[PDB]
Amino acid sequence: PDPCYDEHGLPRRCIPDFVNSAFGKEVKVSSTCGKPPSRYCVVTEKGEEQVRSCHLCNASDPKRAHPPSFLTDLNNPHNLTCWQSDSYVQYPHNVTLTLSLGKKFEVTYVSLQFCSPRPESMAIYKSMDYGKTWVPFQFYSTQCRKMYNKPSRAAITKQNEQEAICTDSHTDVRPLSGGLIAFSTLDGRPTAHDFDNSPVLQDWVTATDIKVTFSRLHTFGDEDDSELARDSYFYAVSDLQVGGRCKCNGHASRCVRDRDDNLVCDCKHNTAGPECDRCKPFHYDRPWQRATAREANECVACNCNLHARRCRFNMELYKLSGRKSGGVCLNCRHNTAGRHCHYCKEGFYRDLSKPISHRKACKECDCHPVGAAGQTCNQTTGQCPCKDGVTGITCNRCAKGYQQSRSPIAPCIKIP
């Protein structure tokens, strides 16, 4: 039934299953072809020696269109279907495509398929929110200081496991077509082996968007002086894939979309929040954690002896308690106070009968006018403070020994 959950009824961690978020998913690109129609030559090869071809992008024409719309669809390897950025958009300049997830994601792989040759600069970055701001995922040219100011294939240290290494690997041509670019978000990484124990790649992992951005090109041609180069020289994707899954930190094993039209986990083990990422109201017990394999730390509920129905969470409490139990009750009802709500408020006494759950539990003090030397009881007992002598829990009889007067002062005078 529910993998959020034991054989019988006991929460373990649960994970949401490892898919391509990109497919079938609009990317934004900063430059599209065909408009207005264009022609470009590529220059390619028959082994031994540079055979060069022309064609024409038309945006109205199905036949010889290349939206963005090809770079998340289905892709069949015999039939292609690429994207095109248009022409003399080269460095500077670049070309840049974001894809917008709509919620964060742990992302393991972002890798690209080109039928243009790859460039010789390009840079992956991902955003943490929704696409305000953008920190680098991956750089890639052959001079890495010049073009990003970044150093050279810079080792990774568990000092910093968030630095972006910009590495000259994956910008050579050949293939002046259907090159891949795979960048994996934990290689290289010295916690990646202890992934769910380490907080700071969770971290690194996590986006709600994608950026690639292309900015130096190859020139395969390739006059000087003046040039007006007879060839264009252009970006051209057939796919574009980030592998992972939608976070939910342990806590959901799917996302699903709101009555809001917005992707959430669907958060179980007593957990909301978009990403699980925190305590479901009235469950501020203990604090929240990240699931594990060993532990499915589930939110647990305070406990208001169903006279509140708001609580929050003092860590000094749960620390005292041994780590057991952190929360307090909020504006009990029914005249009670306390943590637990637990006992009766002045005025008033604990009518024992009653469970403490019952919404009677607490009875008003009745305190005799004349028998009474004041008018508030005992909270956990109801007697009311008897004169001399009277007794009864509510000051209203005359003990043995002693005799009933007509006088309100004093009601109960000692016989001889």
Contents of the next structure:
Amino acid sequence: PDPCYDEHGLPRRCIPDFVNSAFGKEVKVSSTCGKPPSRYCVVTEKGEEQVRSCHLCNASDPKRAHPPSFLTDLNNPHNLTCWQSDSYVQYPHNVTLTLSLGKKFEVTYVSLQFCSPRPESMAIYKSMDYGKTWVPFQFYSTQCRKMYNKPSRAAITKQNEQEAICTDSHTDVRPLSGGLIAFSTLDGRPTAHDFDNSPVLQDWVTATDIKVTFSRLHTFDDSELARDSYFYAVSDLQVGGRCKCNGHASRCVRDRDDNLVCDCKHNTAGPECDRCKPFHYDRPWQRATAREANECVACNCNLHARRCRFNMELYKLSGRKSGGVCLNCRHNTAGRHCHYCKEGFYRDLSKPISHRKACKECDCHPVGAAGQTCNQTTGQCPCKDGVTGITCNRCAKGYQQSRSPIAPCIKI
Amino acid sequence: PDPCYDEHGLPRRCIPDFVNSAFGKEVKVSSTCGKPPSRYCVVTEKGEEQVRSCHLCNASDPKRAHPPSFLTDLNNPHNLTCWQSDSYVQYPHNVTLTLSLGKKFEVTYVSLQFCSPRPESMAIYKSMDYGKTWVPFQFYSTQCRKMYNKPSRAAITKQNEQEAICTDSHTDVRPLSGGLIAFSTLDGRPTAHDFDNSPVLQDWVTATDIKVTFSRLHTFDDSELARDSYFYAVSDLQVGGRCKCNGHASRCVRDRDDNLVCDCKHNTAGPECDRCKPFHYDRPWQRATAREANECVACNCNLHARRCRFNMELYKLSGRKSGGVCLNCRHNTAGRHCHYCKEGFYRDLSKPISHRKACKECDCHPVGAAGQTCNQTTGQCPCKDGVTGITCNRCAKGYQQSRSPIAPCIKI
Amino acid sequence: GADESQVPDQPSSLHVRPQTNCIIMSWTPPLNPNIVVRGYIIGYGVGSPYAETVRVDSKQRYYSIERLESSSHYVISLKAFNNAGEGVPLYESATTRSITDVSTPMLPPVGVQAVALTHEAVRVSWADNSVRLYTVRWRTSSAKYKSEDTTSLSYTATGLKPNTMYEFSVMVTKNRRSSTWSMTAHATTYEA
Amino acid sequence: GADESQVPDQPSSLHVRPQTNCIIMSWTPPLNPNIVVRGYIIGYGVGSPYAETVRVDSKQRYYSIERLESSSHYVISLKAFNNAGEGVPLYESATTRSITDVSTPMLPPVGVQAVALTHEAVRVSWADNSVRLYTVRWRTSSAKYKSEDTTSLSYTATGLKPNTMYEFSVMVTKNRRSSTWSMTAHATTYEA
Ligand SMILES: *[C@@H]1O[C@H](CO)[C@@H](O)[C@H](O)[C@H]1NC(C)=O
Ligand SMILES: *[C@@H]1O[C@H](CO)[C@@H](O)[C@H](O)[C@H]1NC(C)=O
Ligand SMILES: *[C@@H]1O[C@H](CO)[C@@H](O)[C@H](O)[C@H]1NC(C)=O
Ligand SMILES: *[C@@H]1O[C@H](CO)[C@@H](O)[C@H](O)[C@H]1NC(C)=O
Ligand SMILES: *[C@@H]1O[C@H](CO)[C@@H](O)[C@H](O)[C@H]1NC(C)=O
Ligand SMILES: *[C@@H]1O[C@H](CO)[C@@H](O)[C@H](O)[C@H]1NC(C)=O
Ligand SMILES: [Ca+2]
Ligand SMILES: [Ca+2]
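Form deposited without the partner chain done, so how does the form deposited with the partner chain bound look?
Below is the entire complex, every chain and molecule, led by the chain shown above.
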């Protein structure tokens, strides 16, 4: 049953499942070892001394290959897979991971997990519009001012909740394998308990894309063994969070174009449920609140209008409830709701105002009538001085016709 | 049944069928190819380049011959025939087509249709009297002032509706084959909606003959291929319109002389029905109007006159209805209508005024009568002083004759 | 039709009835049935019949030339055709009516009076300010109408059940164009 | 379960009910029974599910995450595992309640009145200064109680032996948290 509506029939706020958005997806990487088969060296500590182990990275052989697929595959500790940058990727070399989500997700966290020692310098950026422009999410360094030009550990106020912080956290060369980096986009933001009511934070969390750049490795010499030991290895990459449906969907699916969109059930529309779906323009679109779900309401045209438009003046005028107005009413009816018959017509009354033929032709006599308009219901026409009837075709008792079309009836 | 008279017996205006007057007729041409068999070159455009095709014009061979017959024959698109002027007929060469209709037609339009590219300079003239003198109908040129000395596109006022206009219309070398020229004699004349009531326009339209002169071709070089490509070809020539019967015939036919004349049924006469037919001279001839057909009326002679003549003074005097007077009334009757017996005669009354012998001899006595004239009906004569009787041959009671022929009777 | 060796000879008749923006045309096949007729080429236009050309069915006796100008003299040509080609055309010409005629849509007659003559008869009269087929109708004042046409401004209704009030209306028709029902006059027939 | 060749597919459901300092979580096995499930790895923490990891029995459908912070957004992940290794996780997130909720322990309703309507009926009403499940109970004034729940601030007791004084009490429940029995009101039913 729909989680978007309650125990009986009422709209209630709905949120998609929290997922790791990275799980399926392919991630582009600046470099990967094995291209020509190369050598790497992983260092171990048994007791107090450093013990080097050497191994072959080979992209054609499946045991020795470390493709970026291995960034997002199923993460099995028992059997483990790592993507691996080549050797001597040290500063000022970058290694960049870049990932499209193809949809606006609200991201709660970003996780990397390293088969290698953690990098000493890394940066996490998001794209908020499908890859065109990036903003920083988080910065990790031992020297923040030096590397990223960011004073480290800036206190975050209400007036910057979107500021990218640089910090020394999770930079330790230990663990030398299996180490973690987990960015929490809501960590230490001031209004983060108010996220439902804070647009800036809701905005802060939204991303279509995630880019990770490794900047500096850890030292632990210039020899070739030393160089072959310097590289990046990540076993798993995760972007955790939800699909951004504005509280107006519990799911996201593919559409005709194989794009991912919210499956919007509020009478909502567009990929984020940012707007009302057509002929629902009675009230202006709202994001869903815990207290008040706000679904677009269908405006009433009584079957005589196939189109609709919102009017702010009307809204504000009508007590801040409704609303919209119907556009061009067919079947000889006149707006707002096409709730009556156009001037020049009258009511059938043997049908209600909704019916196709509920608008009956109001036929007034070209001569006998002073105008072309019926009384809406009674059927009357504006008869001239001495005329009478429904249409005005006959002179009243005591009267007879004249040769004058202007003054058709006279007394006697 | 006659279209010239209505549902029962009354004269109504009648108009001959609209026809292409050129269809039968032979048209004289200044030049035609093939005389000694010659060569022509027709140029084609496939895509952007010009492709020459050459062919033989041969007047003795029926496939290759292009006589002027082929100007007026049946125009079958599927099988097409063109008259063709010879080569290097370019300026200042003329090629002239001339056509007699042998009758006064009211021409609505004149059509030429070209197997060749349209000419850049052409002139249409009419003869209004059987070939003697020509006036211009229309002029086509790119340079009107240069070629025909006519400022192009002169606005036509009421005070020149007969002015021949020069214009650049239908001068395009495209189409390179099958192109049209259609002159409409009523086009842009001011009073052309009033044609029924405007004599100048009715006059403007009338022609016994049509002459077309081709003046300049299109350039598209001096080589002999170039020269052999320069010529005129017309597939069909049409003069559309009606036979001019003055509203007094629905047909035109041949007469004893094999001339074409209107088959005039209004009591009208002459080749255009311009006059009344003999002994119809009661009222003066009119052209037929939509509102009033005007047929010559027979004047009443009561069988005593074989000839008739109109009198304007009488017409104007008699209330502007009638009319004419009978000429020399036989059978002793006296005009206008021979409606009585001449002075010197009297009425039979046993016959009506129409009968041969309705005029009876009025015999007065050489002596007894003071004059030679009867009373018209009674039979009396102008008896002298003492005489009596119908003729006066006897002296009245109380009287007797004398020796005096002057005074024949005396009292006693 | 026996054979297609040659083109069709000309159509036997052509007649044209001009409307204001339109023209109606009718015709008949050639008199000689033996030559196959595969259809007709109509052609038309102002002052010459070259502006436009329509092709039709062999069984077509009728055509409506449908987008045209007021007060314009059109010339029309008609050809019959077959595989051999097209035969000699027949022409006619017509001048479309003026938009004046459709400008003011026709208005009913005014000053209408019905006076009872007898038990079976009532005299109806009207007026007109235009200086023409008038259609009079009558009914009981449920029961339905009775119609009559006149060329004049007064009619006399006969065959009426005595002592019964009737209802009379008139319309008018000009150049095949009609107004609506004029105002009604009520008259009661005489007791017989 | 037929075979352990591959890791378990994902759990079918996950649901979480946050307490103030605690969080309750429930789930269900994968839909495919054929792959042996040897237990689950729960993992959890603030903003990411990495702060802690618990391992449990294959037959476990339930877990209580028991030492946690007020007003904190925890993310929870759940994996099924076996000898092959661990399969793909399911997640959910929850925000623990505030210590405000346990600070002032819930207090009964006040201003309670019971007025006898009839021989079989008594109307009970109360008030609240908080600006919600109220539980009313009644008994004879030895003999024991009768309970009823309401969503409103007034209830009407039915089925009462006439001319008998009863005793009515109310408590209240907020966000699954309950006060004690409000002061009692004594009303005697009508003689029938
Ligand atoms: C890399 O792996 C492929 C595939 O097994 C193997 O054929 C190739 O020899 C390997 N390269 C080296 C340098 O051993
Ligand atoms: C298990 O790990 C290997 C090597 O690390 C990797 O090639 C592969 O993805 C996994 N094998 C299976 C069963 O897919
Ligand atoms: C690469 O390294 C530079 C250091 O100068 C850094 O500023 C930049 O963001 C990194 N990423 C890319 C994509 O260049
Ligand atoms: C022209 O045609 C006639 C008749 O067919 C033919 O005899 C003659 O040879 C032709 N002329 C030329 C130059 O071919
Ligand atoms: C058809 O066309 C030819 C050549 O163009 C011409 O000679 C002739 O008039 C037509 N043939 C017939 C069947 O008359
Ligand atoms: C021939 O060409 C001349 C150009 O000078 C033109 O004026 C004339 O009307 C044309 N026709 C005749 C028959 O000469
Ligand atoms: Ca992996
Ligand atoms: Ca021809």
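Numbering follows the first chain given and starts at 1. Between two forms, the rigid core is defined as the largest C-alpha subset superposing within 1.5 Å.
Taking the core as reference between these two forms, the lone member of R254, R290, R245, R333 whose Cα moves by 2 Å or more is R333. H342 shows a C-alpha shift of 2 Å or greater between these two forms [criterion: core-superposed Cα displacement of 2 Å].
With the core superposed, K103 shows a C-alpha displacement below 2 Å between these two forms.
Shown in the overlay between these two forms, fitted on the rigid core, is a CA shift at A373 of 2 Å or greater.
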